[PDB]
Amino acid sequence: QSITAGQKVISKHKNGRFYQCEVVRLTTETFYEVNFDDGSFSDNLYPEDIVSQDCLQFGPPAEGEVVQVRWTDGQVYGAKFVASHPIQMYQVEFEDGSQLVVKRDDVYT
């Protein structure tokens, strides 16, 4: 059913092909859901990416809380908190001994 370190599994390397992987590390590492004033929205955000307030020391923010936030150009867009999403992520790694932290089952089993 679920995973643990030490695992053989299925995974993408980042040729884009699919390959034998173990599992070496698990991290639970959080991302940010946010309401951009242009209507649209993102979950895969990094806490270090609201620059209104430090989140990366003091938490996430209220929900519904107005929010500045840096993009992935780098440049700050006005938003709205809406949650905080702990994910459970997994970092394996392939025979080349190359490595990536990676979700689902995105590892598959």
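Positions refer to the first chain, counted from 1. Compared with the form deposited in another entry:
- Each of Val101 and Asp49 is carried by its own rigid part as the chain changes shape between the two forms.
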The other form holds:
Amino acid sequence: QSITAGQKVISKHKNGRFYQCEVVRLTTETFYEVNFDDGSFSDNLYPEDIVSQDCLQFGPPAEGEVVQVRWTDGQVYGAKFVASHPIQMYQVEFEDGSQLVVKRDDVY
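Show the same protein again, this time as the form deposited in another entry rather than the form deposited in one PDB entry.
A single chain, with no partners or molecules, comes next.
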């Protein structure tokens, strides 16, 4: 079912619980897909996780470009850029004033 900006919905707060909130904007968020040097892949990188360049300012690396990626452990690993994945998402606001960007699957 279609979710629009201004709609009151239920979504996941930064504390991990579901609360009533308001959709404050529809937003396209870009995730990056890379191939690590061990042959493994990840398609959930933020553009800021590429530490060898400024992707927010200059855009994605070229397909096949060797990059340095800061992973979830704070460690930097070498990888090769594969693809950009722009996804329609929802920016929600809770009554404490906090805001998060959530996926369609986290909105009720």
